[PDB]
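Participant: Letter by letter, the chains look like this.
2 protein chains.
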Amino acid sequence: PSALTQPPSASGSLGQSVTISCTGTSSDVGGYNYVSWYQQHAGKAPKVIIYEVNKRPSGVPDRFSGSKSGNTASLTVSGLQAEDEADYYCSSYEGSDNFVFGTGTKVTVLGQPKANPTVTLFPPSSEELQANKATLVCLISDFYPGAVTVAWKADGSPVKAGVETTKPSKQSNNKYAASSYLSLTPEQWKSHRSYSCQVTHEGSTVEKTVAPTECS
Amino acid sequence: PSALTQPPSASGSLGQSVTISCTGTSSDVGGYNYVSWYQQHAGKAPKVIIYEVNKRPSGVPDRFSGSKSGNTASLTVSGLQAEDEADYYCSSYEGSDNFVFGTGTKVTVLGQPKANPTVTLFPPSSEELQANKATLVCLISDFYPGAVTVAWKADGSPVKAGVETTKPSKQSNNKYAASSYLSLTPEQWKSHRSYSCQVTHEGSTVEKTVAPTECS
Numbered sequence: 001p002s003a004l005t006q007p008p009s010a011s012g013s014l015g016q017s018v019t020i021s022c023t024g025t026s027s028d029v030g031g032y033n034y035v036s037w038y039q040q041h042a043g044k045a046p047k048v049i050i051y052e053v054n055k056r057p058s059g060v061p062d063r064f065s066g067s068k069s070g071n072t073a074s075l076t077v078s079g080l081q082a083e084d085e086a087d088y089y090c091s092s093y094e095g096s097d098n099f100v101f102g103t104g105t106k107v108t109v110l111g112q113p114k115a116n117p118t119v120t121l122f123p124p125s126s127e128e129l130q131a132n133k134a135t136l137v138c139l140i141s142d143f144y145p146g147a148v149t150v151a152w153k154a155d156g157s158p159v160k161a162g163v164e165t166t167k168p169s170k171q172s173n174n175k176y177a178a179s180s181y182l183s184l185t186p187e188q189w190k191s192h193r194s195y196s197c198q199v200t201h202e203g204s205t206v207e208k209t210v211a212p213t214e215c216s
Numbered sequence: 001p002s003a004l005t006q007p008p009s010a011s012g013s014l015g016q017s018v019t020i021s022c023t024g025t026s027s028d029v030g031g032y033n034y035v036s037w038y039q040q041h042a043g044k045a046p047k048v049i050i051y052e053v054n055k056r057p058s059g060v061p062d063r064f065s066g067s068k069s070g071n072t073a074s075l076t077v078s079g080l081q082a083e084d085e086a087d088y089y090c091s092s093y094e095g096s097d098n099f100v101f102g103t104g105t106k107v108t109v110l111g112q113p114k115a116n117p118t119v120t121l122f123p124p125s126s127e128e129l130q131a132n133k134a135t136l137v138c139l140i141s142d143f144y145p146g147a148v149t150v151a152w153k154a155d156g157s158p159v160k161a162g163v164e165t166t167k168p169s170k171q172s173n174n175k176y177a178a179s180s181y182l183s184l185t186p187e188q189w190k191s192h193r194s195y196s197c198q199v200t201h202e203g204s205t206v207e208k209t210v211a212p213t214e215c216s
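Chains as they are written, first to last, in the entry's author numbering: chain A, 1 to 216; chain B, 1 to 216.
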């Protein structure tokens, strides 16, 4: 064998509710009563949320439930609260001290209000410079959905060269963070009037400009 | 209890022998010989590769070895194969509703020369302070394999609350970058000697401090 069987998705809006299927066979689900359910957030470790058919750990939200019907076990998400955008997983014992898992389910919930990104620009710093080094960082955060562009403006003019823009990571919110840097020399940073970070998210353009004029 | 400490990155070449550790919160383990090691690929099946500290299941190579004698689980991939790239996890069963996962090691087959990260910590900008905002950022770049652990400390003690980290994005030079941040009140900021960001990569660690000043 190899698998249990799950749907790739599960769209349930705030309240509206969700429910997952876990199906294997008699040999595992129908035989035995040991469907488990683990959740893994984008590149995170599992929390064990259900074990022994419908029992929950000490610190599993009240609204995660489960069911089973012969071969068709199931997770129920009592009225979605968006935080729970994850990857779910089922699993069942097959005796011989071996367990086999579900293919997984991404649960994308809509009705999360849309957020515009708290953009911060940074100055290099005293130390960073004591070494003859100058990175500027543009910190883009707490936006949803996770689509931004990040431009830099060497004075009123564009710059590509020394950019490196990460791709947005989910926070503890369906809010993202997407940090881009420009890495120049002191001789680059002082041979210049200003430097501006431009972050176009979903129609809204935000631009922050670091003028050398500040402290250390 | 919730945490079993697993490295950030375990790297080897084809035929080399990678060793992955799982140490954990001490007040347990020893009269606890139920530690299981899991395996998963690019969103493709979170299999169990070891159970009961040393026991392989069926359809698993003896290339995977397991040990706990000590107070640390060690999974040894002896003779590194290609398809062995994955995010390894250990776990351990407490009470019937306590199933704690390890932080989980991404295992790479070094596809480049290794890059220990460059930690560059920024203090709160002059202006952000002028806004009554306190963002101190930890920029992490030019690393490979793209696995890090990031802690924050304030004056000795770890800063748990207010932390948020990015996902290690691929960059042009074929190294990677990430970023953390912490969000304070100006007060929070100034009532403290130093804030350090310390980032672990394999078994190189950097720890970089940022002390508050008046700027003005």
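Source of the hints: derived by calculation from the structure; they are not laboratory data. Heads up, a few of these hints could be off.
No copy labels: a pair is met if it fits in one copy or bridges any two.
Below, computed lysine-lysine pairings styled on PhoX-like, alpha-carbon distance capped at 20 Å [claimed, not checked]:
id : residue 1 : residue 2
1  : 190       : 175
2  : 44        : 160
3  : 153       : 68
4  : 106       : 44
Participant: Please sort residue 106 with residue 44 into within, between, both or neither, judging by C-alpha distance up to 20 Å.
Facilitator: Both: 14 Å inside a copy, 11 Å across copies.
Participant: When no copy is specified for residue 190 and residue 175, does a C-alpha distance of 20 Å or less occur within a copy, between copies, both, or neither?
Facilitator: Neither: 35 Å inside a chain and 28 Å across chains, both beyond 20 Å.
Participant: Is it within a copy, between copies, both, or neither that the alpha carbon of residue 44 lies no farther than 20 Å from that of residue 160?
Facilitator: between (31 Å within a copy, 17 Å between copies)
Participant: Have a look at residue 153 and residue 68 and pick one of within, between, both or neither, based on CA distance no larger than 20 Å.
Facilitator: Intra 31 Å, inter 46 Å, cutoff 20 Å: neither.
In summary, the numbered hints that this structure violates are 1 and 3.
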